[PDB]
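Omission of a single protein chain aside, the complex is shown with its protein chains in their original locations.
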């Protein structure tokens, strides 16, 4: 009966269209490269005011070289002119009553205890320690450099898909509405401007510059490179997303210590101990490309052929049986 | 004969179970993401004693920001108060007899030679050089800061599987037997404590803190994120492994030079030249996840179908022929 092949031909048409759109949708005919080889170079611009001092790129930016990870110092605690010596630590947790509870057995991971219970002040008695004297008082409150919000982060990214030897950069003057020296990344009005306003990045990650500058934090300028190398070089485009990575028992925020080391005319050594709070930026470059390949096109093809081949039989069984 | 389909039905049962367990075992039905997007933040705590000086985080930790790569200085060679000038180098390899063998042709990659053969001491005659005077004597023996062993490395890691947009952190208070502020990673008793005792990491990598602190070395806190995103968020868990990366013609160990730069009241410049030996830590974040997908489930399915389909024929040939 001719209806049997019009039933069969219909079977083939429908089933094969479903399969075809599914595999055509998932690019099963494509091999994929997911090991993006990126190089990141960053440049920060801005000047701020902290106390009655002006902070510039050399002052609040560390490291200075512009790696994929860099810090903009917003707040900082200065313990000026420390000197190797003996002095009572200021932390209440070192509170003692007698030199009997200031032995090595107490606070092992801590600083170096002399073994004397000394009077830091009249209201606290703490174990004495050898080290940079006097000790740091990390419990006071200090201002934050608000100008940092208008600072700007320029991200130049040069990536390479090595499986296809397809290298490209994120500087695209045609894709940017404005000039490169003056544009400013807006996810909508200019999503390819490589210049990000700090405060902008803070918002894109959904965070408040006040609390963030106060406690410090870690943000991620995520650069995504999802590309179809079957298409044009013009189509491999970077998409910027933004997220906070520290999120959140443990106290949020981010701070590190570094000393400026000065020496005296007679030769004794002294340093300015700096506990720095700021915003660390991590440029996370992800990317994956896909090219037409003979092999995955063939495994996907075989898959589709056999699949439709069983579908038409099971459907003959379901229709006939009904 | 009904035995033919009981022979055939048995064929199908057995062969199909083998194939089924193999593919079910290898998760061939799953697509996999192997491009983990990790952010690493580290914090070291401890104080040590070196000579009659106390070293703290600002002193022995570099860089101070807590990147994925950081150094804990254990030993260091100080050449204090160098000054641009002329002086005889101290290395025997620069030994000369006359200014005839101290020409540019000799030791090209080396320092800057003046061309004079001068008497460094009474027992060595070396070519004179222009630079930081006096020269470094990197052949003496110095102590090591043993307290570093009790120092602690806190690793906060925030990773993201971008193919499934599955981000998660390694801070897991439920998975940790003790509190987070006080736990200590033990591969067995607390394998999810993010705090690693330095000496502990040294042992997990199978190394002796004495020789290591003496010569310096490179260790890897490997964080593995093998995950089945078909399963629960609770199942994506990090596994910490540890390894030494420098291993091993070339001299083992690890050392770098940095100068503390000081200036004089009259304006001449002088620096403290520091050859630092220590332990570099590299947090190597690896990870791969797998989710059920229609496409790999289909290619794997087709594979299994055709495979069993040929197996039953070859087995009919082997049984019948016998």
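Letters A and B mark the chains in the order given here, with residues in each chain numbered from 1 onward.
The rule we apply is simple: a residue touches a chain if its C-beta (ideal position, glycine included) is under 8 Å from a C-beta of that chain, and two chains touch if they have at least 3 such contacts.
> Just to verify: which one of B:17, B:258 or B:292 makes contact with the chain not shown?
In the complete complex, the chain left out is touched by residue B:258.
> For the full complex, which residue in B:13, B:250, B:318 or B:320 touches the chain that was left out?
Candidates B:13, B:250, B:318 or B:320; residue touching the omitted chain: B:250.
> Looking at the whole complex, which of A:5, A:10, A:298 or A:313 touches the chain that is not displayed?
A:298
> For the chain that's not shown, point to the residue among B:130, B:142 or B:235 touching it.
Answering carefully, the residue with contact to the hidden chain is B:130.
> On chain A, what residues meet the omitted chain?
So the residues of chain A touching the unseen chain are 33-35, 37, 39, 41, 45-49, 52-54, 56-59, 63-67, 147, 150-152, 156, 158, 160, 162-163, 167, 169, 171, 173, 179-181, 260, 262, 265, 272, 293-295, 298-299, 301-302, 305-306.
> What does the interface between chain B and the hidden chain look like in terms of residue numbers?
So the residues of chain B touching the unseen chain are 22-23, 26, 28, 34-36, 62-63, 69, 71, 84, 108-112, 129-132, 218, 220, 222, 224, 243, 245-250, 254, 256-259, 261-263, 265, 271, 273-274, 280, 282, 284, 286, 288, 299-300, 302-303, 306-307, 310.
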